[PDB]
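Take a look at this single chain in structure tokens; it is the form deposited without its partner chain.
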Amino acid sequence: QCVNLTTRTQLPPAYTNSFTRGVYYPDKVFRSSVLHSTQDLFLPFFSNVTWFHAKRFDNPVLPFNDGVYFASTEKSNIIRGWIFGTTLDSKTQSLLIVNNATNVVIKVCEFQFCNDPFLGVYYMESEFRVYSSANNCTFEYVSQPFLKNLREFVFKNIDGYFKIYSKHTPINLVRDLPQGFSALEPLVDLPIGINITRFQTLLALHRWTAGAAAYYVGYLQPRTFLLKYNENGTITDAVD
């Protein structure tokens, strides 16, 4: 494997604005209609969130500062997972997430991630061009797959736990993030306990066309929000 495609493309990043997005439930306790102020990692409102597009490749190693907010429209299922890790090489085991068509597999091993990892599709035949070798590891998780049907993901690595929050929303807006407030709900809390400082997304490439999609990467920062809870427990509004 390990085919290289990034010849010279070094276009400057395009910044959209994360108007009011990426606000999850930062607890496992149900709350009625009450004003509760939480002090946790959150994506600041109206922050400059980078805009990457499926076309022009755009699979850079993105720093995992304190947690990232991953939003992708991808009206066709082209996004396949993420390869969070510190070095993405030997001597440092890294976290890998992929869902094929009906099941998600999460592996944390000493992978040999290629310089341009991706997943091939043939008519849907899945081929792995992510890693060349994968051995000497302990963690293995499988469940229902995580995935214009906008979907947002927030990953955070705290106290040795890898926490994933997701919320799938159908949108009709043309290109950018929607206007409505949406509350993300956690999927899993994997006790991975590794050091994570960078990550990279995985696409589905045809035989090398890059389809037509885009993903949004914003970084969490420590902030104190005021979550407005509804009667059913849904966070209908929040302020910085």
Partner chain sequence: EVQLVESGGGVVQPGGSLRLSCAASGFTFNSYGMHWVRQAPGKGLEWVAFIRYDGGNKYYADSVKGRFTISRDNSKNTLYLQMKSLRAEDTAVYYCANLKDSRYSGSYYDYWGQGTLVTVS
Given for the second form:
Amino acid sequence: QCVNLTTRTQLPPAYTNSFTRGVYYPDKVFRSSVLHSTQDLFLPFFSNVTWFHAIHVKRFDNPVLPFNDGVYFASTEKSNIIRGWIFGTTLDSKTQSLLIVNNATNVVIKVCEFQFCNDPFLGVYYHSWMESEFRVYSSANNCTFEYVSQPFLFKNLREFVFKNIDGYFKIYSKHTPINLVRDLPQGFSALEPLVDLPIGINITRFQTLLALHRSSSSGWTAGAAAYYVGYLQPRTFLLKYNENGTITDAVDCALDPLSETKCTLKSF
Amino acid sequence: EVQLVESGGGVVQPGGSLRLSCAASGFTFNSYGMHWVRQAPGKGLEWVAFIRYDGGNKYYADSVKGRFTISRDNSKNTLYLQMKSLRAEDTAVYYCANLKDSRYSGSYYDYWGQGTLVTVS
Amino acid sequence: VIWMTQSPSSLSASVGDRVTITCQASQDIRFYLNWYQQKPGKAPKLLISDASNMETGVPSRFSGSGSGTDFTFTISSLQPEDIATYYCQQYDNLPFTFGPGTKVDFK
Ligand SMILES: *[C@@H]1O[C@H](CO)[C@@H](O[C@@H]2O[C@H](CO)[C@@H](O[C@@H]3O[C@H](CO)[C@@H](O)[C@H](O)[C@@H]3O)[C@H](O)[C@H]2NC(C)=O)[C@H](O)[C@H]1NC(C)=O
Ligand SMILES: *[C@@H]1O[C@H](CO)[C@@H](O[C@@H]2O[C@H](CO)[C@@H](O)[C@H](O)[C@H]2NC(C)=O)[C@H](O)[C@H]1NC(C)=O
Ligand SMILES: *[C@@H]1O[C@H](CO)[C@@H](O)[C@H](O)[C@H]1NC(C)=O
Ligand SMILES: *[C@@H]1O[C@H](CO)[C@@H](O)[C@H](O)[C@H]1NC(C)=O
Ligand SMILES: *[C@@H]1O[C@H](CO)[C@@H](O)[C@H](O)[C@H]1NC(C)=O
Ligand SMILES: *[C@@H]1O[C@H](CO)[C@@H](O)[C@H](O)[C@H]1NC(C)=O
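What would the structure be for the form solved in complex with its partner chain, rather than the form deposited without its partner chain?
Below: every chain and molecule of the assembly, starting with the one above.
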């Protein structure tokens, strides 16, 4: 049974500085002690990343966002409210949609003709604990893909990159400690590849799934939740690999004349 | 919260030019593609142009292709339309819009501005 | 370029009457059709997306359906505030196009 959570008006956006974050390993190739110039979809340096407050403190506002050419997603929470994502086009029974949901022991990824709720969420009950996906969708049929593995998900900062190229949905991720609030940290950390899913569907829009506790819409409560969303662009990067093949630095060649010089000369 | 404000309208001679602009606020403008739509007096809606979120790919209606140029500045949240070689037939109210589109722009919300009148005579 | 047409170009109906507007595409556009409602002096309001999905805030008296080339917009019980020009718009491919527009008047 779907319930109406989004009974409030839409809140205005906030923005933060991406600094030098959102860089991922462009391929599965080992390189070391070398500066490599690569052209791929990357999050532009020092760009404005949208900061969303899906649950503000009981204001529930968890919008459907465009996917564009790829999405940079990040969150900092210990409450395990963010569980997963929905990717697709019409996000209804007319087309195939990708549902990624994490839980206590596993991650379940399905591609089906899901009929999603207007403002879908994961239902969590306490008796032992019970969890239901029927608060996300009413029904689903014509499933084409299924994958099950281990969970994808101071404070812990979780970063993901979502791409959809030539039928492959590519996920990159990184998990780091953070002692800051209301922003993204400075410094460099590359995101390692997580999984390549041979799905073969179109993605133009996506939504974040939050878990709510049963403790009709007025009976569903959760603590504050927030996340950051950026978008990838066709950019040229100079990536610095150390002796162990770990990327320790990077230059966004279009950030400024100085960066252009570094990329031209292949030097930091 | 969401606003779209067209400006730069007015009266110009045939064969002349005019640059329109639309100021966006209340939403993350740099995440969405944007459209221009025009409506001549007594007529229906006509699609004019579309630009992607990154300001890269641009598309035009055949009736304005080669004359109009669409552009955007994401640091100012401003959408622009540069019209060259204007004709009497181009008299219309011009709107900037974020049209709900599950195929190309990925917009889940439909937003329109107020409309700015362009007269060519 | 896909051509769009609507029929009738104009209809009159009274309060409580059922109003149907037909939109036809020259090419198969699947389920990618929007419906807009425009009143004089105002920008168009979206009522239906993806052929049959209702926008939030739109009264339940509005509905629509169809697939491929032939689509229908329906008002199950016309109200005095429903007097407007309705447009269909395809977004299956670029360039996007709007239909001629159907004016619903008051009987
Ligand atoms: C995912 O998005 C792509 C890109 O829009 C869709 O590809 C497009 O599919 C349509 C329908 O098959 C193609 O139209 C057809 O083109 C052929 C010529 O190749 C023409 O003979 C047919 O009469 C018709 O016009 C369209 O060209 C094609 N676009 C591109 C760039 O290839 C794809 O179908 C979408 N996937 C799903 C499941 O919707
Ligand atoms: C977390 O997700 C896993 C994976 O879907 C759930 O485990 C499945 O449970 C069903 C129902 O009992 C079984 O038929 C499947 O064979 C199980 N699969 C695996 C890999 O274990 C698990 O129950 C979920 N956790 C909770 C609390 O619901
Ligand atoms: C949610 O709102 C719709 C009206 O848009 C209503 O029909 C539905 O019953 C509501 N859901 C619940 C659980 O009340
Ligand atoms: C980010 O937004 C600020 C306004 O808050 C603006 O001054 C700055 O130029 C923007 N930077 C980029 C890269 O858009
Ligand atoms: C399932 O989806 C595939 C791919 O779109 C389609 O060809 C097939 O006909 C669908 N099956 C059913 C029962 O809808
Ligand atoms: C590289 O790996 C070795 C272990 O084989 C470690 O001692 C060294 O500190 C690492 N260097 C860097 C830059 O990670």
